[PDB]
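Chain residues, written in single-letter form:
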Amino acid sequence: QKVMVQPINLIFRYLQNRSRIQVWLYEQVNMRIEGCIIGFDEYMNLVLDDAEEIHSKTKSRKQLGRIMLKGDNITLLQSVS
Amino acid sequence: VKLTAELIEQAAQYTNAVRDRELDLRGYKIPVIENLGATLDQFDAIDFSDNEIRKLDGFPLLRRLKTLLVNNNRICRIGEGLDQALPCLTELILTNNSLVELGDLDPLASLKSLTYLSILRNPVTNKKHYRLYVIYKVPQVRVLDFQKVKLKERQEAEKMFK
Amino acid sequence: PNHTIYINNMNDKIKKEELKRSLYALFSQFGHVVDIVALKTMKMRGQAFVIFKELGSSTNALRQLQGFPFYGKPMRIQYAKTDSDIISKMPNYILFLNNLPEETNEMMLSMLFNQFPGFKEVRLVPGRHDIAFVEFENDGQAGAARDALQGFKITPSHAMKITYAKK
Amino acid sequence: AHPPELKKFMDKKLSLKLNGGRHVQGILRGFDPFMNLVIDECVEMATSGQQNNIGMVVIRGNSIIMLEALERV
Amino acid sequence: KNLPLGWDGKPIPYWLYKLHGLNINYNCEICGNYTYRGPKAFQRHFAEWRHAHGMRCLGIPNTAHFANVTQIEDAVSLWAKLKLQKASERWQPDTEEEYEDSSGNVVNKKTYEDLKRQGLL
Amino acid sequence: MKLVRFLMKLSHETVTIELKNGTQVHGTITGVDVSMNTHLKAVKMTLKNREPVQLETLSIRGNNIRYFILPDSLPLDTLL
Amino acid sequence: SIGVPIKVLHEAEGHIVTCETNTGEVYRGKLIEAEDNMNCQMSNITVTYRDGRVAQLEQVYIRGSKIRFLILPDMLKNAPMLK
Amino acid sequence: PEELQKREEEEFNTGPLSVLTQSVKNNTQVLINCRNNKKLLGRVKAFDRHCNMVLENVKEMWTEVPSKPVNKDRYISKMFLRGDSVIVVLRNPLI
Amino acid sequence: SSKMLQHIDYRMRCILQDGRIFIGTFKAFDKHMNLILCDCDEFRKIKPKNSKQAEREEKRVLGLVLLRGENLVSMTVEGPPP
RNA sequence: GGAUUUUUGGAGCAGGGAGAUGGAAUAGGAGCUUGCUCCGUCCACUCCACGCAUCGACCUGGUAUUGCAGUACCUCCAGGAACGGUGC
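Chains as they are written, first to last, in the deposited numbering: chain j, 11 to 91; chain o, 2 to 163; chain p, 5 to 94, 149 to 225; chain k, 4 to 76; chain w, 381 to 501; chain n, 1 to 80; chain l, 2 to 84; chain h, 13 to 78, 87 to 115; chain m, 6 to 87.
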C-alpha cells in the first residue's frame, strides 16, 4: 500500500542538506554525537564532520573534526541545525 | 522386599501438581530407604506412595528437596539428620502415618526451612496441647494442618510448659 | 463418579499456589497428583479440582475427606460431574439397580459399574422400564460400590441405589 | 532476505524501547528488510522524564528491542 | 566373496549365483527383522520356525491367511477383520437363540435363563 | 584458510578453554565443527569467581569462547 | 537451512507465550507475529522490563535479538520437530 | 580456491593485518589486545582474515584487584585465540 | 557432526547469556542452534549483596522455552531422560 | 556466509561517606616473635540521605465471595520491610 521511506533516504536527505544533528549511542544514553555527515555508502556506517562528544551529566563537548564513528553503534539522530 | 535404585531411577521425576520436580514411586510397599541420591541433583520431591518404611529415616544428601511424600507409610518415629540433608525442605508430608508421642517431635524443630508440613492421621493428633507442642517447636512454619499458624497459638505454645 | 475430584469450601484469603501446596501434600496420600486445576477468578472462587489417577481414588479422597478441616472452613471434596483435560486426552456379585434411568448412557453406566474392580456387565432391564441388573467379576467389588451407591447420585434428578439381588 | 511485518502498523503510533534504556515515541514511517523502523513525529524519552521532539528519527533495529502500540490500526 | 555354500561347501559359480538371485534380500519384520536371501527360501520361512515364533508372540496363529504379510500393524488389522468375520459367521446361541417369556414378549436364551434362574421364569 | 581449521585439529586432544563468562576450564572436548563449536567432556570449569564444576558431556559454544590452549605435544605447523 | 527452532517459534506464535529479553524485558502475552528473524510481535502482553511493575501493554514489537528465551505452548510437547 | 588464496596472502600481507603478517614471516612476538582487558604477549603461529591467531610463548596478564590491582601473570607457551575477543593485534611492543 | 544429537531428549542444564543454568529436557539444534527446551526451568544467583547473608537461587520454570540462538554459553546434562 | 535480529561478542569494572565502635583462632608488613603503634580486603549495630521510588509475592489481624474450569497474577484496610530487578 504505502511506500517505504528508507533510513538511507533520511541519511541521504540529511547529507544533501549538510545539516548538523546529534546522534544516539549504544549502552550509554548519556553521550551524544553532535556533528554533520559528509557522505555515505550502502552500509550506513556513519561518517561525520566537525563532530563533538556532548555529555548529559558532565555537560562537556570534545570535538574531533571530520570523524568516522562506528556503524553498529548508531541508533538515531536529531537534526539540531 | 528389596527397594533398589531400580525403583528410584524408574521412578517418575517430572512436573508435580505445583509445577516442581517430583519423583513418585507409587505401588511398591518399599520398606527400604536406600539408593536415592541417584536422582542426580535434578529432583526436589521424593514420593513413596504405598510404602511400609519402618520409620522416618534413610534419605541422602539433598540440598534441593522441595517436597517428600512419606504418607501411607509405616512411620513410627522421626530420625535425626534431616535438616542438613533437606535444607531446602518445606514439604515433608507424612500424613496417614503412625507417630505417637511428642518424643517423635525431637528432630522436628532443628530445621530452619519448615513451613508446609503434614503429619495427619497420627495418634499425636487428638492429644491435648499437641498442636501447641507443634506451634512451639516449629518457628518458621506457615502451613500446619492446611490452615495458617497463629501468633496467638505461638504465644500459647511458648508461654506454656516452662 | 470421576477421577477429577472437586475440592472446595475453603477460604479465599488463602493463595492459589499456597492452597495448591497444601492440596498436594494432602492428596498424594488418598490418591495421585496429576494436575491441580485452580482458578481464583470470581466466577469460581475458593474452589479447585485435583485430577487423581483413579476414579475410586478421587471418590475415596472425597468420602474420607468428607469435610476435612483446612483453610478457614472444613473443605469438602467430591467427585466431579466430568473429568479433566489430561485424563481426557489420555452383598453379592449381582445386584438390581433400582431407580435405574430410562435415560442413562450405557457408557457412563459402565464407568460407574466398573468403578469397582472390573464389573462383569450391566443389563438395563429393557422391558418394564426403570430397573437394571449389574454383575461384577469381583463380588466384593460389587457389594462395595453397591453399598457406597445406596442412594448414589447419577443424573441428580434421582438416587441410584443397588442392593444385593434376592434369592 | 524477508522484509518485516510492520505493514498494518505503518503510519501509526509506537512507543519504542531502544538501547540505553531509551524510548522513541513516534509514527511508523519507513523501514528496510534490515528492520530499520524510521519514526517521524518521534520524540526521545530519557532515563529522567525529559523528552525532546527529534523531528524524524530513523531508528535502527540495531538496538531497539521493544516497541508498543498506541492504537489498533 | 560372500559366495553361498554348496553341498561340498565351496563358492557357487557366478552365472549360477545370478540364476538363484541371492542378491535380493527380504525384510521379514515378524522374524526379529530377520532378512532373507533367496526367494523360495524367504517363502518357506513363512512356515519355518522363526516365523512361527514371531506369530505366537504376535498373538496371532500361524495360519496361512497372513503368510507374506510381514509388517506387524498390517498383520494385526488383517487378523482384526478376520476375527470380526469369524465371530460373525459363528452362530452364537446366546444372542441368536431367542426365547419368549410367558408374558408374550421375547428375550434371548441368555436373558431368559438369567431371569429364569434368578427367580421368575 | 583460517585457524578455525587449526582448531579443527583437535580430537582426543588435551586442551584448556577460557570462555566468555570469565570461564577457564580443562577439557578433552568431544568434537568441533567449522564455527568453533567444541563440546567439552570430563571438563573442570570455573567461571568468574567459581568452583571446579565438572561436566562429563558439555557443549562449549563458539563466539562465546575467548582463548584456547592446545596440547604440549602438538606440532603447530602440522596443526595448521 | 530451515530451523525446527523456527517451526517451534511458529507453533509458539499466535497465542499466549512469554518472551524474555536482554535487560529483563519479559513480555507474557499473545506473541502474534514472529518472523524467523524472531522480531516477535506480541499482543495484549504483560511485560516486566525486569522492573517488577510488570505492566500490561498492547501490540508490542519485542525484537528476538535480545530474546533470552520464549516460553511456548505447553501442549505441543509432542511436537513434530522432536516427536 | 587458488587465486582466492593468492589474493588472501596479498590481503593479510599488504592490508591492515600487516602486523600479524610480519609476526608470521618475521616470527615476532606481538601484543594481541583483548576487548576484555587481558593482555597476552607472544608470537603468532597461525593467522588469517578474522584476526584468528594462534600464539606461542603466550603470557596472559590482568589487573587483578584483591587494594591496588596487581599484574596477575601466567605463561602458557602455546595457545590459540579467536579474533572476537581481540580488539587489536599489534606487531611490536617495547617488551 | 551434530554432537548434541546424542545427548538431547534428557534434562540438560543449558547455560545463559548472563550465567544461569536451566535444566530443560532439550530437543533439537540448528545452524544458529536456538534451543527448544521442554519441561524446562531456570535458576540463577540470589545475590545476598553481603557475606553474613548467604547465596541461594530462586526457582523459575518456563516449561517449554524457545531460547534464541544468542543464549548458550554451554550445554551439559543434569538429568537422565524420563 | 566476522557489518542493524541470534555463533568472531559492549566486554570489562567498581559498590556512597564516618565515629577513642569490634571479630581474622589456622593467614598479612615494618618497627627485627610476646606486648603495643600505624597500615593498603568484609560484615553486626548506630549517624546521615534504614543507598533513594515503583511493583510483585509473602507474615499480621479484620474483612467479600459457596462458586464449575483449565491460570502471566486475582479481594479490601493497615503495618513491616525477611526477598527480586527497573531509572539515579
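Read the hints as simulated data drawn from the structure, not as lab findings. Accuracy of the hints is not assured; some may be wrong.
[Unchecked claim] Across the chosen pairs, the derived CB separations fall in these ranges:
| no. | chain 1 | residue 1 | chain 2 | residue 2 | range |
| --- | --- | --- | --- | --- | --- |
| 1 | h | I107 | j | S91 | 28 to 36 Å |
| 2 | m | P86 | o | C89 | 34 to 42 Å |
| 3 | j | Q73 | h | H62 | 55 to 63 Å |
| 4 | p | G71 | o | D51 | 21 to 29 Å |
| 5 | m | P85 | p | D16 | 37 to 45 Å |
| 6 | o | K3 | m | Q11 | 26 to 34 Å |
| 7 | h | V77 | n | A42 | 48 to 56 Å |
| 8 | j | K72 | l | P81 | 36 to 44 Å |
| 9 | j | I48 | n | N63 | 27 to 35 Å |
| 10 | o | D42 | l | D37 | 30 to 38 Å |
For every residue, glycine included, the Cβ atom is placed at its ideal position computed from N, Cα and C.
Each hint tested on the structure:
| no. | hint | in the structure |
| --- | --- | --- |
| 1 | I107(h) x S91(j): 28 to 36 Å | holds, 35 Å |
| 2 | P86(m) x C89(o): 34 to 42 Å | violated, 25 Å |
| 3 | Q73(j) x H62(h): 55 to 63 Å | violated, 34 Å |
| 4 | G71(p) x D51(o): 21 to 29 Å | holds, 25 Å |
| 5 | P85(m) x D16(p): 37 to 45 Å | holds, 42 Å |
| 6 | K3(o) x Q11(m): 26 to 34 Å | holds, 32 Å |
| 7 | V77(h) x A42(n): 48 to 56 Å | violated, 33 Å |
| 8 | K72(j) x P81(l): 36 to 44 Å | violated, 58 Å |
| 9 | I48(j) x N63(n): 27 to 35 Å | holds, 33 Å |
| 10 | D42(o) x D37(l): 30 to 38 Å | holds, 36 Å |
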